[PDB]
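**Q** The residues making up each chain are set out below.
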Amino acid sequence: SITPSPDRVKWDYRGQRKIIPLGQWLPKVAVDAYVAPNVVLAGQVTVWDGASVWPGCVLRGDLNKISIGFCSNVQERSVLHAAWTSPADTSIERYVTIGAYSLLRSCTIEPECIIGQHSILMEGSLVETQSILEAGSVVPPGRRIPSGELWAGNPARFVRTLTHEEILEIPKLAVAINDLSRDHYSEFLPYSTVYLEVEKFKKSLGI
Amino acid sequence: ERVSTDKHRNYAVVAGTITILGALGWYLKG
Amino acid sequence: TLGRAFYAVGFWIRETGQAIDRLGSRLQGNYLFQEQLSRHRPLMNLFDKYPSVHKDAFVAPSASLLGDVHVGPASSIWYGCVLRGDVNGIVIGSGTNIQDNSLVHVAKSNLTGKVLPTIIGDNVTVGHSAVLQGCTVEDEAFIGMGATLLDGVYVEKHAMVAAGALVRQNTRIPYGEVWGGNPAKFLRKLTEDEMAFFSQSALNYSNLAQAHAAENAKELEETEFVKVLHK
Amino acid sequence: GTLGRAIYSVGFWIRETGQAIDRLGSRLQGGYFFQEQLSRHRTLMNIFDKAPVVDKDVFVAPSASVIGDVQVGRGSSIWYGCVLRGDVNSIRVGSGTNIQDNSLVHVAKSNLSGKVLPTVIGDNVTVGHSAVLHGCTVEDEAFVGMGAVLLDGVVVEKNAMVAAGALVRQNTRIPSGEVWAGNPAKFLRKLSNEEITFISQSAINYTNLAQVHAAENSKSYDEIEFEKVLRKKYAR
Amino acid sequence: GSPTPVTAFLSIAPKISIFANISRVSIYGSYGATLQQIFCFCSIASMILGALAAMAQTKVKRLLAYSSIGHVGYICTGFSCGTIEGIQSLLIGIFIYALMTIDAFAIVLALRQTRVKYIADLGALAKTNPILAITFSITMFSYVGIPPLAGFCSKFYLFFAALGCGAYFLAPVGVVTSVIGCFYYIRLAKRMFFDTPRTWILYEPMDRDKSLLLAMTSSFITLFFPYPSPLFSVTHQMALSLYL
Ligand SMILES: [Zn+2]
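Chains as they are written, first to last, in the working numbering: chain E, 1 to 207; chain L, 208 to 237; chain H, 238 to 468; chain B, 469 to 704; chain V, 705 to 948.
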């Protein structure tokens, strides 16, 4: 039972579209935010006024809502996917700095948190008010990471307590990433002038 | 396949180019 | 910064160009300039930090290398890489594999000039799902998949880092070493046949890349395009 | 009418002027800007002769490269950013499975010294985000998800699961019904029966969601513009 | 209660009209002290009320209402005597007030929906939208008083005319209500980088025309003092040809 419909496309001539509405659920970016061109924003995703979703990332809030806060950043290969039915969603608060390979099913990241690379947040968990995970962190389902704590190991463990130098330095890292984002965004220049390419292609081939 | 097929837009475009030409003439009569 | 001034006025001029073109299209009665389609230029610059891939070096059309990233011959950038060179450059030598689902990243701006470069010197395999953020990996290296190399790490000269393992800051893996686990601790020694196997896998993937690129240059298959315009 | 013809000519003229301005701008720039190209990305391709064989009722996100001899059956889905690269050896995935976005499958050692290693994924298998599958045999109805990675001739079996960081290595025969984790992999629970039903229901409702995403993602430009204008006017 | 466009139009348009009508009647059908005295009282009452009420409010609309009452008061103080310089400064004050209030309503209207009724929702406008915060501070400081702006220049010429017209009493109350307003406002503005309880990142931001109108008026307010000759000249023409 492997009949291939020959009417299946193998070259869409227009890549995976950035903003994927899902039946009257048009995902919304703010005019200040910066999403890469590779990234795929499907369904109930909102990028709130200063955030940055860097190249090679996917956010498909098709079960629940996913909302990136003020100037939070979601690094390269992150995948944010709201978990099964509930309200259980994914909230990224004001100044959150997510890692490179972040995997977030459903969770809440209360403001001013930092999550290192190769992070996983399993099924609904809180990390609140200036918490810092380390590389390779894994937060089991139904966990809470309290104020001002640095966690590591899989599953997560206690390491130490934060110094106010670092707790005050977190937003600085957030705004630095936001400035880098400003650079790329200043580079991208809307409307992409590719309709000329498709036009000449269509003209030389057919019409 | 060498024409625009929307009457309202074409009337509006006639009005717009008439507007710009009239403004240029008006200025020329400053 | 006269170059940057030229770049900015170039943006102004080309933007006026796009706008007047769109006015022309609206006049002509053709709204095709809205067919949203992902830009995703596989090779991208920022101001003057363009990449430089040598000819005969396969880069998958779905990759993403942007910033100052330079890569030499016999190299392969397999589907789903993120090679970033915005702040500090990336240099990648000959005969190397950066497999699908891998990023060679550079730390987002830290305060001081603490943004180390990343060097990947030829005859190096960097398997699937590999994050290399600010590292120095040298000739005859094996980075077996599920790999994390955090800033400040130096692996060299026929050295292997196993799988699903991360290496913290300021760690060195010299010849004949395998490290693994969280954190990456030393396990055992290597074998000479395993080193020759490193080299043979490098060559085999060079050939694989030649094949994949020669296939990716196959004239775009107009039939499916006219199909998708039909319906 | 004739007025239409005239303004058509005028629009063509000013469009040419726009193209000229754009080239002038790029040339005032130059050397740095990598002007945009068409997609030039393959959602499906062959290698030497092996074309992919993909069911009709499947979902394949147009950001998922299937290359080699991938035999993908009914009621399944290859979600966004996926890479099913079986250019060297055979890939056969069961019917009713799902590769949840941004995953990878590769095989290595085709027919060397007699011993070969294919790769097979059973029915109703739900492999998740960032799953790396490197030459494995996952029997039908098995759960692997959220960043796991299986290194070698591993074989998972019959409702077993590896969860959230499982780095499973070097020919592990996973017992029939367990859970594993750890880096490296060890077991820590007993995989309750309602949880078996959870994985089954997961496969089912995820096939449903995949069908929705297909119906959406396989639209043309005019239909998309209609959907968008209708959505706006209704939300008004 | 009334919506924001309605209350804006109610603040700006009828007041100038009724002031012109009051001037046209008070030149003609007044008494030696009847109208001047029935206004001299309301002027000081208005300045005092504006001060001692706007000092304590917790709704960004009622604050605007009491600041409008205060500026109408300052204008009425300008009304006190009946000499040419006085009525000149009167009309100048009317005009500056019209501009400042369309400006303030532009802002409070561009900050509408997510802040249905609040004043604490200055949720780091210094951080989430700095240019808008700077513009709000400019408009308010102009509304109250500070080194060269439009409102400060208007009040200064008002009190100049009052002193030179034979009333040594309106200035003390006028300057003291001005200084309490200035202390309050400059305490509020410098309260915009202490800390922030609430945050209302806004879908609102100023489509095109509110932005243009704002930008225009706000550039006018600061840049008024570098060349305020034509306004004085046209006001002189107007007031002189009102009766003579
Ligand atoms: Zn491989």
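Everything labelled a hint here was simulated from the structure, so no lab data went into it. A portion of the hints provided could be inaccurate.
Estimated spans, in silico, between C-beta atoms of each pair [said to hold, decoys possible]: (1) V/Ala919 x H/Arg263: 25 to 33 angstroms; (2) H/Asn347 x V/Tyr907: 28 to 36 angstroms; (3) E/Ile2 x H/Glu458: 48 to 56 angstroms; (4) L/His215 x H/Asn347: 34 to 42 angstroms; (5) B/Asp690 x E/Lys200: 16 to 24 angstroms; (6) V/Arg891 x L/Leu235: 54 to 62 angstroms.
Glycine included, C-beta positions come from ideal geometry on N, C-alpha and C.
**Q** Does each hint hold? Answer for all of them.
**A** Evaluation of the provided hints:
1. At about 28 angstroms, the beta-carbon gap between V/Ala919 and H/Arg263 stays in the expected band of 25 to 33 angstroms.
2. Range check, H/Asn347 to V/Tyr907: about 34 angstroms between beta-carbon atoms, so the 28 to 36 angstroms window is met.
3. The supplied range of 48 to 56 angstroms is broken by E/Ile2 and H/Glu458, whose beta-carbon atoms lie about 22 angstroms from each other.
4. For the pair L/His215 and H/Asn347, the beta carbons lie near 59 angstroms from each other, so the given range of 34 to 42 angstroms is not met.
5. A hinted range of 16 to 24 angstroms holds for the C-beta pair B/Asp690 and E/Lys200, which are about 21 angstroms apart.
6. Range check, V/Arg891 to L/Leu235: Cβ separation about 58 angstroms, and the 54 to 62 angstroms hint holds.
Comparing the model with each earlier hint shows violations of hints 3 and 4; every other hint is respected.
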